[PDB]
Amino acid sequence: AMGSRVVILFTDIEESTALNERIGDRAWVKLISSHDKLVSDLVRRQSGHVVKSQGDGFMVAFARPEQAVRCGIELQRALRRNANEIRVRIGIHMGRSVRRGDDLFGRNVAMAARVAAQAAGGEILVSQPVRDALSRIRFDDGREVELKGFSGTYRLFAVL
Amino acid sequence: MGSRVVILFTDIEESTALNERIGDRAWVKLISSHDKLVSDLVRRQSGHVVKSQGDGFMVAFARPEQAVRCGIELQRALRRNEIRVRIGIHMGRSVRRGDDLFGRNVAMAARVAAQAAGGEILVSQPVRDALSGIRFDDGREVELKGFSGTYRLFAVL
Ligand SMILES: [Ca+2]
Ligand SMILES: [Ca+2]
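Protein sequence lines correspond, in order, to chains G and E. The numbering of the first sequence is the numbering used here, which starts it at 1 and goes up by one. The numbering of the second sequence is the numbering used here, which starts it at 1001 and goes up by one.
What the hints contain is simulated information worked out from the structure, not anything from laboratory work. A portion of the hints provided could be inaccurate.
With a cut-off of at most 27 angstroms between alpha-carbon atoms, the simulated DSSO-like pairs for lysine-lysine come out as follows [what the hints assert, rightly or not]: (1) 30/G - 148/G; (2) 1051/E - 1145/E; (3) 1029/E - 37/G; (4) 30/G - 52/G; (5) 1051/E - 148/G; (6) 1036/E - 52/G; (7) 1051/E - 30/G; (8) 1029/E - 1051/E; (9) 1036/E - 30/G; (10) 30/G - 1029/E; (11) 1145/E - 52/G; (12) 1036/E - 37/G; (13) 1029/E - 148/G.
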């Protein structure tokens, strides 16, 4: 089979451009640097690696889905603690994808990005394969969506 | 808010549908050759690829004519070859740290590219004004997400 199994987590900040415009570039560079360090550290704690990041978005790879979910939960908790300003959406999907360079390519990379794009600020959504892989962490009963660039319907599950 | 820089974004129109159509094997081959093409052409105009992810590139140039020429050669090259790519170009101060670019003008460049049609090179008004060899349309006025008001964007003819 083409490619290797990987669990891909995408995250990005809700309305980051408006935030940047509000607080100005000096404050934004500090904010996004602090955020990057936060994400990086929490990823490393779950034996993940940040594959790509640009602006307010990150693509992260894990070997096991429980690591990816644990990382998301800790990130959302950490962001809530900080707020006591920044909300992030998190999406997780797993499947085979092709490593080329220090990037990942293939339909399951794109799918992971769409699972994330479906998530509200403050929310962690996972694809059905992730939910099913973790069925033995708690999930809602899912909602049915259609993902940009893909035919058919997909059920996405919120982490509780 | 950092050094003056010209920022070019490009990305493939509906790459996901494309991937699903030809399959991963074919897609990885396609995007690998596309990456080679873009990298080649950027270097030809003294640009520097700052970030690339999936079907997209963020590119830095010193001068707006370099960015526009690069965009023109890339569209021409792609025609000689199906994929359509959006190209957007903006200029302004951006913070350049750790081999990356930060700030509102990076976001603005991405918004300009996102407004471009496949096969189009769209530039912001500061880029058009700096180039006053290169011909533009009369512009179109649009809202860009995250920014207040409207912006006039100009296609390269
Ligand atoms: Ca965002
Ligand atoms: Ca695209």
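Verification of the supplied hints:
Taking the CA atoms of residue 30/G and residue 148/G, the gap is near 33 angstroms; set against the 27 angstroms cutoff, the hint is violated. For the given pair, residue 1051/E sits about 22 angstroms from residue 1145/E by alpha-carbon distance, which is consistent with the 27 angstroms threshold. Taking the CA atoms of residue 1029/E and residue 37/G, the gap is about 34 angstroms. The hint is violated against a cut of 27 angstroms. Simply put, residue 30/G and residue 52/G have alpha-carbon atoms about 19 angstroms apart, close enough for the 27 angstroms limit, and the pair holds.
Distance hint between residue 1051/E and residue 148/G is fulfilled; the C-alpha atoms sit about 24 angstroms from each other, no more than 27 angstroms. With a C-alpha separation of about 19 angstroms, the suggested pairing of residue 1036/E with residue 52/G holds against the 27 angstroms cut-off. Between residue 1051/E and residue 30/G the CA atoms are separated by roughly 20 angstroms; this keeps the pair inside 27 angstroms, and the hint holds. As the CA atoms of residue 1029/E and residue 1051/E are separated by approximately 20 angstroms, the hinted pair is consistent with the 27 angstroms bound.
With a CA separation close to 34 angstroms, the supplied pair residue 1036/E and residue 30/G exceeds the 27 angstroms bound. Distance check on the hinted pair: residue 30/G and residue 1029/E sit about 38 angstroms apart at the alpha-carbon level, beyond 27 angstroms; violated. Proximity of residue 1145/E to residue 52/G is assessed by CA-CA distance (about 23 angstroms); at most 27 angstroms being required, the pair is judged to hold. Note on residue 1036/E and residue 37/G: the hinted pairing is violated, with a Cα-Cα distance of about 31 angstroms set against a maximum of 27 angstroms.
Taking the CA atoms of residue 1029/E and residue 148/G, the gap is near 22 angstroms; set against the 27 angstroms cutoff, the hint holds.
When each numbered hint is compared with the structure, violations occur for hints 1, 3, 9, 10, 12.
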